[PDB]
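Single chain ahead, by itself, as structure tokens, in the form solved without the ligand.
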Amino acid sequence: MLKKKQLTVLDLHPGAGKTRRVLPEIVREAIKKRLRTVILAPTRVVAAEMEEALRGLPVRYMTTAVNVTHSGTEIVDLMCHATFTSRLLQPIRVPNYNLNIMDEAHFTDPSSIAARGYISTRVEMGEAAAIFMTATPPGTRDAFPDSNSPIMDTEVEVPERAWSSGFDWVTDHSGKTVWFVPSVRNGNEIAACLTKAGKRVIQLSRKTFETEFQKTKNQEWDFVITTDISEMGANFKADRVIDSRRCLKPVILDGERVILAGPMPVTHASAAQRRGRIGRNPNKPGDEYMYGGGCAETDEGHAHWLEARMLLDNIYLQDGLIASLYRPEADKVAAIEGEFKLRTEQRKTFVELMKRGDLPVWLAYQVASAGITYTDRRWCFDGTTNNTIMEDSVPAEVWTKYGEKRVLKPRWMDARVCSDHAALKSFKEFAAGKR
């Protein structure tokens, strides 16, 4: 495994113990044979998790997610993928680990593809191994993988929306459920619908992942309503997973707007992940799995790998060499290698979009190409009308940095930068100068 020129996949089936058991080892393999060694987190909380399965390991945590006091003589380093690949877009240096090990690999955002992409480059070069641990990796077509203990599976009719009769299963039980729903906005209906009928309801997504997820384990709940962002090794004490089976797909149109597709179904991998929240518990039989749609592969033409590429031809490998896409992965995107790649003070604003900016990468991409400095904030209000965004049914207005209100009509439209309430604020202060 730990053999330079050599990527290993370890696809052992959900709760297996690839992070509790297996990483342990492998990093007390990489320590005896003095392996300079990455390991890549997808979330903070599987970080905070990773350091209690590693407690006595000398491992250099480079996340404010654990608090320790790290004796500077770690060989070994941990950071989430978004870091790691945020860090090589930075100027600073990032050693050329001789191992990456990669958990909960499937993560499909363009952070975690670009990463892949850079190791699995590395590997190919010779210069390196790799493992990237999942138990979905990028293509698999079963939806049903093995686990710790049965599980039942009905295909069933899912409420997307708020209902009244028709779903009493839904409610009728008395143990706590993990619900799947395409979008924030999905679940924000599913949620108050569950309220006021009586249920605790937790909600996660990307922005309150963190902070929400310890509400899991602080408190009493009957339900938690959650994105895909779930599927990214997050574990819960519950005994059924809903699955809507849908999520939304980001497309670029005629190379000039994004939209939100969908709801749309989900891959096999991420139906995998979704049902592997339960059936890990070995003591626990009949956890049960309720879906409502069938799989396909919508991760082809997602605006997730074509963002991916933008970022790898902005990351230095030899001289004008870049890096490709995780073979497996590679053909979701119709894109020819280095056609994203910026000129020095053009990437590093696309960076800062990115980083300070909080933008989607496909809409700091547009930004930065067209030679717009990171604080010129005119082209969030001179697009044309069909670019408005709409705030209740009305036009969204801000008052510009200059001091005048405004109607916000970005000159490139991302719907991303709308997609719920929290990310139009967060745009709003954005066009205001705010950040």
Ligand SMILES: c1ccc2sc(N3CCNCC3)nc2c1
The other form holds:
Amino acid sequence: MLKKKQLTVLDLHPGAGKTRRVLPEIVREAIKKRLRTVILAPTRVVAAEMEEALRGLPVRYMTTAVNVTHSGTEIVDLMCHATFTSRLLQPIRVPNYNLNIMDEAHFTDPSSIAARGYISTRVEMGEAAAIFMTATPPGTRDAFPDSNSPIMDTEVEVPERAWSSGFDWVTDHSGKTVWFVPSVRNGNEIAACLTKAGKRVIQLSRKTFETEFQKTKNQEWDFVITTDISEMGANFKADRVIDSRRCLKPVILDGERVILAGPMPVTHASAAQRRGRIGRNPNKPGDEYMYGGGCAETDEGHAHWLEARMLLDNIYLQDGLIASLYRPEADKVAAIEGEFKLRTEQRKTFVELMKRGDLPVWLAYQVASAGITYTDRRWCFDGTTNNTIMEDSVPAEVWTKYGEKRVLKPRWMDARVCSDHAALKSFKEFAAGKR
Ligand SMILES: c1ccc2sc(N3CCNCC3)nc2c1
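What's the form deposited with the ligand bound like, now that we've got the form solved without the ligand?
All chains and molecules follow, beginning with the one already shown.
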């Protein structure tokens, strides 16, 4: 697998041992052949599990999630998918890795899709080798793959709001359940209902993931309410998965705004990953998987694939060449390669709005391409009246950096800056000039 111009898809079923058994064997062989190697982890939680599997081997951990003292003589680097893409965009020097290993390579966040595009292009050019590790490669149509022990699959109506009656099976269970919901707000309602019935509930989402995941190990729980982030290697000691089979989808309308469409069906890859949290112990047969809807290919037209092209158009590859998306996922977006390429100064603004501003890729692009500088926030208040952001059924308001109270009305509206309480609080701080 380690020879140039070759990209291998390691598609062993979930729990077949890709991370704890296969990955260290590959790393040993790469060190023996003096291949400059990069290992890409989706989250800091997976990066911690990888250190445990690779203990003793010389690996340079480019993250604060691991507390290790490096020798300085490591030729294997380990970082998150987002860190790799961010370093490529920034003026920092990134080595031309001979071997590129991506764990949980199904991750659909814009930075992950961009990393897959960059790596597969280098492989197509004959410069590097690559290994993509996932049970669900792009375009998979099987939502019920193999497992370490048999699973009981049941199609059933799953509540998406609080309930008083009609779903006794949910609360009559005496084990641990992981429940996948389409949004943070929907998880809040279901968590409140379960807490009122006497259940101990933990909630997980993108922003709270590392902090709250530790609670699944440190304390006793009955239910874990999670968004789609738990599809990326999160391991639980549970006996049941309740899957609404629904997700939200960011959609760019008329090329001028982003809305959060849905809830709508998940892809087969997401359903199989959600089901894959159980049936992992060969000594425990009969874990349950209750699903409340069907699958569909809802990644077509999803804004993350357009955002990945915005990222790839601003990454240097060779002279005027631009990396293409990984071939099995390149048709998810209708886009012209190079159409998002920015000049040096606007590109720096684009990077700072994403890194420091913490804004979505699409929104950072509209601001930077309009010739606006990072600290200029006049655009957060000069949009049309239909762009007014609402908080508790009344327009959201902030004190501008000038000391003036104004209604939040951005020139470009992206639903992700106000999808929950935490998101709107962070966007208000940005509009006020606080970061
Ligand atoms: C050794 C060599 C280079 C880097 S960059 C880095 N970080 C950058 C961003 N993520 C957190 C830490 N850590 C190292 C360690």
